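Next up: just one chain, as structure tokens, the form deposited without the named molecule.
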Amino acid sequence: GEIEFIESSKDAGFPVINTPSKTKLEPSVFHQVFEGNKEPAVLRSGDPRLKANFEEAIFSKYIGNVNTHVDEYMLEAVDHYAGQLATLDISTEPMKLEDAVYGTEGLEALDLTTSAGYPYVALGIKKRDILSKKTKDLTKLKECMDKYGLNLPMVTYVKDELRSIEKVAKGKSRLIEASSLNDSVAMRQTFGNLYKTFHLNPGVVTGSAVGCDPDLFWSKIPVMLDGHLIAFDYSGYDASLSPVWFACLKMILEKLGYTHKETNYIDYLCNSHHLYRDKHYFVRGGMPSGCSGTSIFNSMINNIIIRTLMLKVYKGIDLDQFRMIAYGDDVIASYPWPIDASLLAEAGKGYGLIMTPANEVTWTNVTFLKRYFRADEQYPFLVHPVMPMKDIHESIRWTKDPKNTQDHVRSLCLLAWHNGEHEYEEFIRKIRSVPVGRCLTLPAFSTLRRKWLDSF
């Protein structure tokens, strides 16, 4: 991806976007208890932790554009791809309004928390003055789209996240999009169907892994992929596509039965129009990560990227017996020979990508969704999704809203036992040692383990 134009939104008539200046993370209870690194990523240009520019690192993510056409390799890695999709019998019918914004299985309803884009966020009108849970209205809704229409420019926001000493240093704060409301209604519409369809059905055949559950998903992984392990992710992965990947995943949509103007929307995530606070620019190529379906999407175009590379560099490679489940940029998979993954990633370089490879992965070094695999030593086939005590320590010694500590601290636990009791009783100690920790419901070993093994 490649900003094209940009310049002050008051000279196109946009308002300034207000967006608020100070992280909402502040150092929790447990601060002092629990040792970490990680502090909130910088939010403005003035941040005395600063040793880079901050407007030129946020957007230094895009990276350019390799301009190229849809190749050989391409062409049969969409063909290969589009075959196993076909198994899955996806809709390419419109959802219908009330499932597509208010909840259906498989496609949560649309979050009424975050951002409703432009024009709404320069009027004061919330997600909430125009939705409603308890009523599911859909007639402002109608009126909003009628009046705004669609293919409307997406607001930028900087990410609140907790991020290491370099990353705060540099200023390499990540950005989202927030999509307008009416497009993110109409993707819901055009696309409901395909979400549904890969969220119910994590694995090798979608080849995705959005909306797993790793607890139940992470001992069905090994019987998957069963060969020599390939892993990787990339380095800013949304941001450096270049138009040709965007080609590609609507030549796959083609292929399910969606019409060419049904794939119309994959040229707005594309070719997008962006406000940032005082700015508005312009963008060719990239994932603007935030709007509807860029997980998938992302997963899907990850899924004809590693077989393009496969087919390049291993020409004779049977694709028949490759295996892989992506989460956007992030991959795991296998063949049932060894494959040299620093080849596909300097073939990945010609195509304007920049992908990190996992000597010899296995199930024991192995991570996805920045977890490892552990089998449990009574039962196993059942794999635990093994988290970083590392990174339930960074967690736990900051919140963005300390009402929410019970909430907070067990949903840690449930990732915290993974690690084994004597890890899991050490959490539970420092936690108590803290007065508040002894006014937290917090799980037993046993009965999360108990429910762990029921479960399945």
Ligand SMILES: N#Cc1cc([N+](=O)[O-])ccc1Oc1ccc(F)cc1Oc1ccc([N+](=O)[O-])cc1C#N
Contents of the next structure:
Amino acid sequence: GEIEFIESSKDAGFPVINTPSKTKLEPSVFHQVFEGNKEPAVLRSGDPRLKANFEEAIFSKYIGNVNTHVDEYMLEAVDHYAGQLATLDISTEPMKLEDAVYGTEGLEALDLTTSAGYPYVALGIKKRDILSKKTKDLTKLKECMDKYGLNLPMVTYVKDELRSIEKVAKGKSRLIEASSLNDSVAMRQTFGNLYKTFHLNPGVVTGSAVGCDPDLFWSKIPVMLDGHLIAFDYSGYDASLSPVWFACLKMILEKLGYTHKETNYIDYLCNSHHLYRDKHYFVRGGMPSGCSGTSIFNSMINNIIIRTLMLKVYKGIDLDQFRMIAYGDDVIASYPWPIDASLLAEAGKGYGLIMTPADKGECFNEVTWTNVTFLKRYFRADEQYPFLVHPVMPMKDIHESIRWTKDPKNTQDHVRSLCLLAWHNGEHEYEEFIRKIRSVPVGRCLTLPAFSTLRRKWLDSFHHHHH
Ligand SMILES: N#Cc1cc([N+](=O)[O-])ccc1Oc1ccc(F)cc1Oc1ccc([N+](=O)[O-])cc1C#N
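Switch from the form deposited without the named molecule, shown above, to the form deposited with the named molecule bound and output its structure.
Once more the chain from above appears, this time first in line as the rest of the complex follows.
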């Protein structure tokens, strides 16, 4: 991804977008009770914690493109993964607006808390001013869509979230694109059935884990990945995606039976128009994290990518014995013979991708079930039911997250959520967690699940329904 053109908003007649200047994260009542090193990301330019230039850092992820056509490796990659998705019987038919906007099995209702984007955001108009979760009204939306169209600029927001000292210091805050409500809805219409199928079929056929529930899904993973594990990091995945990969994506959507017209939306993602604060810029390549389907699409591409590096480096490779699961840039994979991930990483670099050893590793080491992570979680078989596998989020991370809040009114929900995570570290660990929570008076006011109830409900969860 490369920033092609940049100018002042006033010159094209765009109003300044008034994004928030201060963080919503403050120290929680638990901030002194636990250790942690992370702090809210830098959102403004004058932040005294900065040890680099902010405007420069946030955009620097835009490292460049490699100009090329789809090669022989890409094609055969596309076909293999095409071969897989066909099994699923994805409907290329649009989805009925009601479903696309207000929910259905496999596609959550369009979130009414996020930005509506341009131009509504400029006009003080909020999502809730347009949609209602009570009347399922589409009369207003239809007016706005007809009024303002598709293909609108995107609004760029600095992601307000906890980060390490290194990234606060370097100003490497992450950017999120708010798509215009219309484009959101349109895309949901066009791809809703794809999304529905992806969320209902996490695993090695979709090669996706987007929408999954670790609690249930972890147990499936080792079953699906028989082989020697392959795992690894990207750096700036979304924004390094060159246009070539989008060509491949639309190439794959075409085999699923999407028309050229219907794939024009991939271009909307690839060559993008952004309204940042008082600037207005055009970007060629780069997945614009935050528009509709960016996770699914990031995964699908990744599915293409890895199969392409396998093919180019290991002539002889049989892909039908390959298995992968992506969540956007996060990949876990297996082959029956060892694979040198470093080879792949160097190969990938010729395509403008920065691959790295898994979990900020020193070298592309042996990947076991002991050290493998996915969505920041480890795997540990339950001591008692060995076919059951715990998703184990590290305590360090739970400790980090507990020390801040964006809204103390939700403490109960927040601490329960963290509870749902921590207990996989084991009873000793869980009881220390609970004691320290409880060493503050607010901690004593919270309804907190007992370990033994967490264990029971989990064991009980793999008793009903599918997967
Ligand atoms: N469309 C849409 C859409 C709407 C919102 N929103 O705020 O209402 C947010 C993300 C949206 O994109 C997706 C819509 C449906 C999907 F099945 C998947 C979408 O993309 C994601 C799916 C999953 C995740 N995730 O959980 O990380 C992030 C994204 C993103 N961006």
